[PDB]
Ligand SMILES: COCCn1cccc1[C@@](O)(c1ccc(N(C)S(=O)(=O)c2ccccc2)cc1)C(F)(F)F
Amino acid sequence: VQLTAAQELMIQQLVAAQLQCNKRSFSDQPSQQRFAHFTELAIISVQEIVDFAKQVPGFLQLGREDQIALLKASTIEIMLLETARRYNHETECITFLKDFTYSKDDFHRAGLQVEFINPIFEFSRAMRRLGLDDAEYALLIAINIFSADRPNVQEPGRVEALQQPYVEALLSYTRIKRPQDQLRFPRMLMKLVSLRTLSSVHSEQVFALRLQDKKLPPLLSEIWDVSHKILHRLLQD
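Where the form is solved without the ligand, what structure does this chain have on its own?
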């Protein structure tokens, strides 16, 4: 009924690894132009999610083709967790990376479709009612990565076994944070359900953008379009 020393290190490692992501500010370094803006910010996020994944214990020990299969499916879902995490209820603006804030209007101009857009903002609202801290969001990401039900996964039994300790850690953590509220932990897990719906909704949105002459870049195409040369390079180096 209290976090083990092993579980405390795991959470600390994941939280510190999460802090490396989304450090790039709007000052920092560097209709149709608005689409090319989002892709570039997405590419930075994808790159950061790949490096995050390697730091998660057990991910590098899996076979290459499984690593890709997990990242292919989970990356958009990890992005949606992050957009929810620093969603501003007062302004109704979604933050990307450190400091890039966009209201629902800005997405409309980029050529995105209300079917895609409003469910994201709804999801970011619904997560707020939970009142999740940074440790919980971190464990939930790790749980999301090690999903044995993804397409083309060769070793489901391994992926399931790699997920188990993270589920146990979140069970313990939530029981300590809210002893009275036994059902908060289920409610958290039922957001993994919503992320799938959003994941397929996103796939319908990427396709609809292609019809209006808005193709994805090389990296974003590898993981979201209908060999993964660039993704291999990032998992190698």
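Just so we're on the same page, rigid core means the largest C-alpha set that superposes within 1.5 Å between forms. Residue numbers count along the first chain shown, from 1. Compared with the form solved in complex with the ligand:
- Core-based superposition between these two forms shows that, of 107, 96, 166, 123, only 96 has its Cα displaced by 2 Å or more.
- If you fit the rigid core between these two forms, you'll see the Cα of residue 20 move by 2 angstroms or more.
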The other form holds:
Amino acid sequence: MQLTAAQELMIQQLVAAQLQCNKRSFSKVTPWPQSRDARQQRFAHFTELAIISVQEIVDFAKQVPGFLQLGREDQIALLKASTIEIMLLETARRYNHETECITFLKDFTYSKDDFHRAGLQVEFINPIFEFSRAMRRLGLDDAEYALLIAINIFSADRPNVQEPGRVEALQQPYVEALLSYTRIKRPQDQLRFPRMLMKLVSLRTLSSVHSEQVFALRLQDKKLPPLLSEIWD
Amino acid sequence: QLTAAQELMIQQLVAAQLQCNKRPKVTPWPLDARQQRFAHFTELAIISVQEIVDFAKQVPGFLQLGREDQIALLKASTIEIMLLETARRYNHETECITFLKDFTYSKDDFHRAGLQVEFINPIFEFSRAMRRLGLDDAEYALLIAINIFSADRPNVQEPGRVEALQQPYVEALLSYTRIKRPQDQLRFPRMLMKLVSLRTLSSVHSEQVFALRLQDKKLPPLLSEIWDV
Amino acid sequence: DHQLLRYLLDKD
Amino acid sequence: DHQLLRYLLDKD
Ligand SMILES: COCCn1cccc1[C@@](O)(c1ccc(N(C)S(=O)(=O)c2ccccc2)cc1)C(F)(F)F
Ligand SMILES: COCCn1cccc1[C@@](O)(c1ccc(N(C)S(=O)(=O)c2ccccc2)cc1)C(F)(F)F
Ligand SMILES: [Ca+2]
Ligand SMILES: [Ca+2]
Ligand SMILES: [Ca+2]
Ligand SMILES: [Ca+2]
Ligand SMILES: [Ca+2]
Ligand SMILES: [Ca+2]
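If the one shown is the form solved without the ligand, what is the structure of the form solved in complex with the ligand?
Once more the chain from above appears, this time first in line as the rest of the complex follows.
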């Protein structure tokens, strides 16, 4: 009925890191504006924000104990598989269910209306939005987002993972801690850890939707900046 | 320490699980004849959809869903539940999947059938990773049940209902593992994580199908119903 | 639409 | 392959 000092420690560090990275990614992008500059400018305002997110995410993945111990090659495989999913998770934390827009700057809120004027298809927008809604309802707290992101990164079955066995083993104490933590902070909800894992299943499918969207961009004569391009094309 | 309800439900569920896989003639396997193998698989595929639907109809709760949502769920589960059935019928000594009772297929037979390796390997890999988990008949039955009631499936009109139906099945699988194997607390999590894998294998399967559009190869109209965009 | 499914469902 | 990312991993 209580965590271990180790588990208490694992969680705090992870929370500290997220706070550290979420701050540090706050220290300016192509502002939000119809013309043909204006439109391929909104494309700009988004992809740039996407860059920032990817950074905060790589930044955060390095501080997750045990990650930088893998081959540099596996490190690439993992972030490549993980980044969009961690992005959608973070996006969920920014979601207002009352008005159905996501916040990104501080007082800047985007409707799915806006997502559209920014070059994104509805086949993409509505799923993102509905995941953000459902995920939001689940009411994860700091410890839980943090553990869940660590757990997602150490997914052995990602494409190209050269050392799955090491990866599965890194994940374990993380799945273990999440398991305990949810047992203690919500004892009678014998299902929360399950509901939590169920979200990874949803992310995996979302990953593929995201692929659809990225590939849809080509025929549209629109390029991703090299970083995004680097991990998505 | 499974409740009265739970144990009976699993029993009836494994009942139907065989009472549906026991329940046909297909175009024979060749000894151009690749065009005769493509026919052969698709027909095994179609048979499985038959089994999967009939199974779903006997899973308690399913028929409380409206028709459209039954469609929506089965549409997305079908490939997934197949792949589960395909691992459960994997023989590791032979390295072959076996589909009716004697038909035996190796990673190679699948090439002459006309699939590229990008699908053919993850399928077998998956069948192996499930061997390492060693599930018994009740566990597949529950897992399959849980897969069907995936509320995030596209076009579901009643997400909340679908999730409520999935709930008792996840409770049951949770106990049954806690009991059946008490010291391995990680087994359950590791099983749900197979659901994450299936969604990927689902995409791989979409990618394989779209490839046929180009390789000149049409699915029977009833499979195309389910898998084409 | 989805007639394999619809029919398999209505059947029996 | 994967240049800029490889950079971010190495920074510091
Ligand atoms: C307003 O959000 C900016 C981008 N962003 C940052 C974190 C998460 C996001 C997110 O919107 C988002 C994540 C990834 C994308 N990519 C597909 S993209 O960068 O290639 C692109 C293509 C065309 C037009 C704009 C952007 C788009 C939106 C989300 F939430 F859907 F994941
Ligand atoms: C021999 O297997 C019979 C088909 N089958 C039935 C249940 C499961 C299966 C499975 O093999 C299988 C599942 C789906 C497919 N499709 C991609 S297909 O019907 O469009 C096709 C394409 C090209 C050539 C033949 C058949 C193929 C094999 C499995 F296990 F991989 F999922
Ligand atoms: Ca983050
Ligand atoms: Ca709106
Ligand atoms: Ca709405
Ligand atoms: Ca607005
Ligand atoms: Ca079955
Ligand atoms: Ca044979």
